[PDB]
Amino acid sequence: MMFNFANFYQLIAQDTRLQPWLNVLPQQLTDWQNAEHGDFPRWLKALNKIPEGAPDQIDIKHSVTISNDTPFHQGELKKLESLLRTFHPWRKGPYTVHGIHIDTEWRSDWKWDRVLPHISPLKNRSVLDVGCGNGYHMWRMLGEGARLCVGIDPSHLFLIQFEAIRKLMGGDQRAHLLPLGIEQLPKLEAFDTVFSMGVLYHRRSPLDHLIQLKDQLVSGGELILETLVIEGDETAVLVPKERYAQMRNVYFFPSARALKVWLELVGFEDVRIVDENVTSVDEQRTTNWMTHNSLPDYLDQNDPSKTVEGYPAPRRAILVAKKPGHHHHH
């Protein structure tokens, strides 16, 4: 046993739409325990030192902020900040926990604010967050009245970060992170809303990824899909001969308008492009006195409109679509 998922097994056992998941999940998580550990056991020792127990104040509406009415002792706060610092890098965020500002590589808060007006109200919805990273967005979804959030992301570090935040939240059982790829899930048709965050361009079969997402949604459910794109019409699709912005294991970069056609082909309805930006809009940069060149490593220093390989600079599009059928329970 590296990490016990007992609490998740208990939750899905008591949920009639998720109980079928017990037919495949336990073997997958048993196998994960015996796979390459890496740093997970060292990280787990730090997680175990983070103080247990409910905080006094939680904001998951306007930010992700945890605080006590009575602040912590200088010693306990130094130790807590030091434990959290060992889990670098923190990508999604940012977080404020007992005065400590976890200053993340991404402004997930700003992207959340720009997307939220375009999505169906989360009140009482079950949500699957695919490529959920450390789980930032699941807190924001509970903040909007989500009943249940399940995150899936295969990173050991993301599971530790999530469990550290969940522990500082007092063990909130409404959000969970499973170390899985979406391809490991059976056909649940169980969630009201599915988020796919930055996964499509890593998949050799982009249409199989879109069908896998459709298969997790109830009748009339909603998909929010974010991926890297290029500018162009319905027939613009980049596939790089080697690496894209220094990344290996990259396949399809459709235009947003191309991606809209792909979603319609596999059977989604009411497809809208709701946001498109250069990725730097939502990135933070370490920009101190020691900084050499300010340009990210993945951009050409001679022309920051291009990657080091000479492709167009990264752009992120966010689409919202509907699975066919009437959405039940309002």
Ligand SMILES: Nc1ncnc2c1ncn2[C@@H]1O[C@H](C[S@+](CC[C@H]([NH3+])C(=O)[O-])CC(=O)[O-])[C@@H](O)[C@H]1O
Second form
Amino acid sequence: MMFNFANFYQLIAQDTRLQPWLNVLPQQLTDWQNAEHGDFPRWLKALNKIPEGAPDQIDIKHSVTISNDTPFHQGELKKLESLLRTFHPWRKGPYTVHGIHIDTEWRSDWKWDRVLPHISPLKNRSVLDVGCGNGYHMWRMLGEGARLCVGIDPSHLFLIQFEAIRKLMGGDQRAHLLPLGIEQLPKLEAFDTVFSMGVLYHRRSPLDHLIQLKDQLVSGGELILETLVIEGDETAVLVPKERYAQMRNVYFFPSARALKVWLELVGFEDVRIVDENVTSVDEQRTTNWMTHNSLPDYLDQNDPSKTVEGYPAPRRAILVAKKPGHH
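Condition change, the form solved without this ligand to the form deposited with this ligand bound:
Keep in mind that what follows is only the chain, not its partners or any molecules around it.
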């Protein structure tokens, strides 16, 4: 055992639509325990030292912020910041936790602000965040009164990052992060909304990825799809020979208009392109909490409209679609 999913098993046991997941999940999480990880003992020691118990004040609507009415002992807060810094690098956020500003590489709040206007309201929806990161968005989803948020992300570190914020929220049992790939989920068809943001370009079969997403949605369930794109008509599809913005293991970068046809082919209805944004270096930068290289380093030093490799520079697109049938 690295980490005990006892409470998740309990949740999905008592869910009519998720119980069938127990037929495959526990053997996968058992095998994940046994693929031991160098840094997980250390990370755990730190997560255990993080103050237990509820905060007084929580805002997950306009931000992800945690405070107490009584200011917390300046000894315990210097220790907390120290603990949280053990989980470097901090890519998705930002978080303000008892007045510690976790300035994450990404302004993941901005991406949320772009998405929210175009989704069906999350009030009482079950959501899947595919490639959820440390689960920043799952917190914002609960902010809009989602019933339940399930994140999946292979990163051991992003699990510890999430369990840290969760512990500091007093162990909120309405969000969970499972250390799985999307390819490991069976055809659950259990979720009202599914988010897949920043995953498609990492997946060697994009069509199979769109189908795997469709397979987690109930009838008339809603898909938010966010991915890096290029400009063009339905025939515009960049597949890089080598790297794109210093990433390796990346595959398809279709135009928003091609991706819209792809989603239709696979069987989605009401497919809408609702935003195209060109990632600025104010949205993605190196920080105090993520000290590695970031977008400035990945652009052409003399042309920010291009990647170092010469390809069109990062452009993110949001598409929203319905799976066929009624809700």
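If you superpose the two forms and keep the largest set of C-alpha atoms that fall within 1.5 Å, you have the rigid core. Residue numbers count along the first chain shown, from 1.
In a rigid core superposition between these two forms, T291 is the single residue of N48, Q57, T291, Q27 whose Cα is displaced by 2 Å or more. Core-superposed comparison between these two forms: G38 shows a Cα shift of 2.6 Å. Relative displacement of the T86 Cα between these two forms on rigid core alignment is 1.1 Å. Per-residue C-alpha deviation between these two forms, core superposed: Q10, 0.4 Å.
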